[PDB]
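Asker: Below are the chains, spelled out letter by letter.
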Amino acid sequence: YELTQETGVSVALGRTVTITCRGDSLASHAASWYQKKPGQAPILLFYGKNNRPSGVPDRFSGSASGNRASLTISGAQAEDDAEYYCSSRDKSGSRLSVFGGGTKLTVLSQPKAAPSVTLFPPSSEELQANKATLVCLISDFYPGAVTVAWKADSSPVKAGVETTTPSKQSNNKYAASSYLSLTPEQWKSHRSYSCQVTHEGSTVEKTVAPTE
Amino acid sequence: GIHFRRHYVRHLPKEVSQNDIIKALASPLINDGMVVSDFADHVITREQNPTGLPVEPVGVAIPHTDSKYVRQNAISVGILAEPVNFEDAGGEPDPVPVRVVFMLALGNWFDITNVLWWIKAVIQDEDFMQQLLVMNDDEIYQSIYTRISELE
Amino acid sequence: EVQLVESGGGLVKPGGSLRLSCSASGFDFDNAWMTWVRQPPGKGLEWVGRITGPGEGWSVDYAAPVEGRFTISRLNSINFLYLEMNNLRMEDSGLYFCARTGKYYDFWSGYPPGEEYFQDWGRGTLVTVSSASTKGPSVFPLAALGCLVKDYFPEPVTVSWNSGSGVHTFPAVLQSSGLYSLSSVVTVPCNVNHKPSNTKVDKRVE
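Protein chains in written order, with the authors' numbering: chain L, 1, 3 to 9, 11 to 95, 95A to 95C, 96 to 211; chain E, 11 to 59, 61 to 163; chain H, 1 to 52, 52A to 52C, 53 to 82, 82A to 82C, 83 to 100, 100A to 100L, 101 to 125, 137 to 157, 161 to 185, 196 to 212.
Extracted from the complex, chain L is given alone in its bound form:
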């Protein structure tokens, strides 16, 4: 990426947070900044030297020096939880534009909530075919960020893993699901399988074994 942004930043309610955009083209060209929420059109937050579109809150401000552009959010509000993107030229003097990779801003909006992990073994209706699936369901965690690691016996498994990104529920908490694909041979030829869900340092593990 021509323009480098931090991947993710957190800020408590009412605190100030600065996120940055870095690239050689910023020494010659100003950056503009965009906010984007899930499912919604991006919005322009400001551009140029000291320009802020009408309707954009005063608390969004930007600065720049050298190869660096910065977006500063004063007293962060709950609705500022979003993705933030910078844009500029891809190189000095270019007619093209480019976006940074985006920064996920988490505004700590509620107390931390450990996730619920249910793990279903492959069903015998599925085994009677020629396939087997483990379904790891993760429910009601905050903030929305979890890591899933599968274990066969005590050894890790990376092949056949498919995991969804976290989704917001109807109670302002998050959920995720992970799937492991196995041929029915390697299902029954192991003692057990585990789904290790890591959330904010703490870990919750569930385990299944080919014995109903």
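To be clear, the hints were calculated from the coordinates, so they are not data collected in a lab. Where a beta carbon is used, it is the ideal one built from N, C-alpha and C, also for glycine. Take the hints with a grain of salt, since some may be wrong.
Unchecked claim - Here are the computed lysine-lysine pairs in the DSS-like style, where the Cα-Cα straight-line distance is at most 25 Å:
hint : chain 1 : residue 1 : chain 2 : residue 2
1    : H       : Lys-43    : L       : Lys-38
2    : E       : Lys-131   : H       : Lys-117
3    : H       : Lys-43    : L       : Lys-103
4    : H       : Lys-209   : H       : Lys-117
5    : L       : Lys-38    : L       : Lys-172
6    : L       : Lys-130   : L       : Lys-38
What the hints assert, rightly or not - DEER-style ranges, computed between Cβ atoms:
hint : chain 1 : residue 1 : chain 2 : residue 2 : range
7    : H       : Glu-212   : L       : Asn-129   : 20 to 26 Å
8    : H       : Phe-100A  : E       : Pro-108   : 17 to 23 Å
9    : H       : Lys-43    : L       : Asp-60    : 52 to 58 Å
10   : H       : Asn-199   : L       : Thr-210   : 46 to 52 Å
11   : L       : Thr-164   : E       : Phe-139   : 21 to 27 Å
12   : L       : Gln-79    : E       : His-17    : 55 to 61 Å
13   : L       : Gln-79    : E       : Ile-159   : 47 to 53 Å
Starting from the known structure of chain L, arrange chains E and H on it as the hints suggest.
Answerer: Coordinates of chains E and H only, in the frame set by chain L:
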């Protein structure tokens, strides 16, 4: 392309105001078909809502308006006999005493930015600026033409 | 008061072509520059290309992964922006946004050609490039009871319980096969509908 003709350079007398300068510099552009017929009025109101550049030793203004009012790229230059006040482009209280006026009638954004960049270099060339205040219209036309030529 | 209504997004095959449209309103379109931007699922915004105005001869610039395959055009009489996409690839999939595009250049600090910024955005139209054939799901029970809706194409599927509480249907996963799967778990002390394949299934969880 940028049209710059010999009659697009002129000296202006000591009794002209901001609005007379704009109209005088716009009339050759109007008469050759480079800008809309009311181009001058749109420069005046855009300037009031400012293009004065405080530079030593000669103050400069760059009046212009929205590209939508330009039919063909052109530039019109005015050399003032006596300094005339333009409001600072940056937004400083003191008015800029101006003696050189670059009227920009550019409709192409890439030319606008190239020309503004060239102007920025030119007005920091003190020998060039001093020359502008003493050369005749043809010499100014030839000097700037050569510089616009080198730009493109 | 600005609206930018994109359309034309849908399922298309790799190597196929697709045309997107954007109807603009609420601003002077004839003099506006216009940009297309895309967001691949799960990724960031990616600038696609931009068409200039009359003073620039409607010239167009394109991003590197797209140049030579995509064409941006416009018809000012009806305030439409177009994106013509040829030889589509899997990685062209995602949400495509049109954006009204402003131009910025600071005299004392600027460098040609200044900077473009994106002052109004549409909601986007979704493009999915896939080789996958329409396939009804296989429904398997999860004896908190669940239901596994595996290997269907394309989206969506709808899952309800006892033909109509406390049910959590999870979003679909997109597998390397090009097919989707999802799960619906309900906690106690299923009705899966795939309209693209006319498949209905009532799997009882014994």
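Asker: Could you run down the list of hints and mark each one as holding or not?
Answerer: Hints and how they fare:
With a C-alpha separation of about 12 Å, the suggested pair H/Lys-43 and L/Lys-38 falls inside the 25 Å cut-off, and the hint holds. In summary, the hint linking E/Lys-131 to H/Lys-117 is not supported, as the alpha carbons are separated by about 64 Å, beyond the 25 Å threshold. Annotation: proposed proximity of H/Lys-43 to L/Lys-103 holds, straight-line Cα distance about 11 Å (limit 25 Å). Restraint check for H/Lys-209 and H/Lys-117: satisfied, since their Cα atoms lie roughly 18 Å apart, inside the 25 Å limit.
Taking the CA atoms of L/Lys-38 and L/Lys-172, the gap is about 20 Å. The hint holds against a cut of 25 Å. For the proposed pair L/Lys-130 and L/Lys-38, the alpha carbon gap of about 40 Å is over 25 Å, so the pair is violated. Range check, H/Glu-212 to L/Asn-129: about 22 Å between beta-carbon atoms, so the 20 to 26 Å window is met. For the pair H/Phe-100A and E/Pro-108, the supplied restraint of 17 to 23 Å holds, since their beta-carbon distance comes to about 18 Å.
For H/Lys-43 and L/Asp-60, the Cβ-Cβ distance of about 31 Å falls outside the hinted range of 52 to 58 Å, so the restraint is violated. For the pair H/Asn-199 and L/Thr-210, the beta carbons lie near 34 Å from each other, so the given range of 46 to 52 Å is not met. The hint said 21 to 27 Å for the Cβ distance between L/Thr-164 and E/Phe-139, and at roughly 59 Å that hint is violated. Separation of L/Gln-79 from E/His-17 is about 60 Å and conforms to the stated range, judged on CB atoms against 55 to 61 Å.
A C-beta distance of roughly 51 Å is found between L/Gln-79 and E/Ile-159, which places it inside the suggested range of 47 to 53 Å.
In this structure, the earlier hints numbered 2, 6, 9, 10, 11 are contradicted, and the remaining ones agree with it.
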